[PDB]
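Take a look at this single chain in structure tokens; it is the form solved without the partner chain.
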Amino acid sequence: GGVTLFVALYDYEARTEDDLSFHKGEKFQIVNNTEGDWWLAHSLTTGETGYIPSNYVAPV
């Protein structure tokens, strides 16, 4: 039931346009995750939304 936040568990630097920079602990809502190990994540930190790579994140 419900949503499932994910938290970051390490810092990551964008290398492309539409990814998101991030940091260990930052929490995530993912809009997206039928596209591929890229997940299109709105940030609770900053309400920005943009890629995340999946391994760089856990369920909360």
Given for the second form:
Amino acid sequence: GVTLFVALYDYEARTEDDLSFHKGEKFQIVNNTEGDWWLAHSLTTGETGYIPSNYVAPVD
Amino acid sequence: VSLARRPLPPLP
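Alright, leaving the form solved without the partner chain aside, put up the form deposited with the partner chain bound.
And the full complex, kicking off with our chain again.
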């Protein structure tokens, strides 16, 4: 299977390249290897964009 | 710096 990630805090994006999200939102990772911001897909909005890795945690 | 490598936001 896979490891999903969960938002720990709300976040308001400043660019459309980034997702805005709310605490408890779940994401699939598209790319987590290029840097501290991860390209992700929100299972709530269906949108794809970057998320800040310090705002999420893996499902555990 | 690419989008992936921007500074992270501070924790709330």
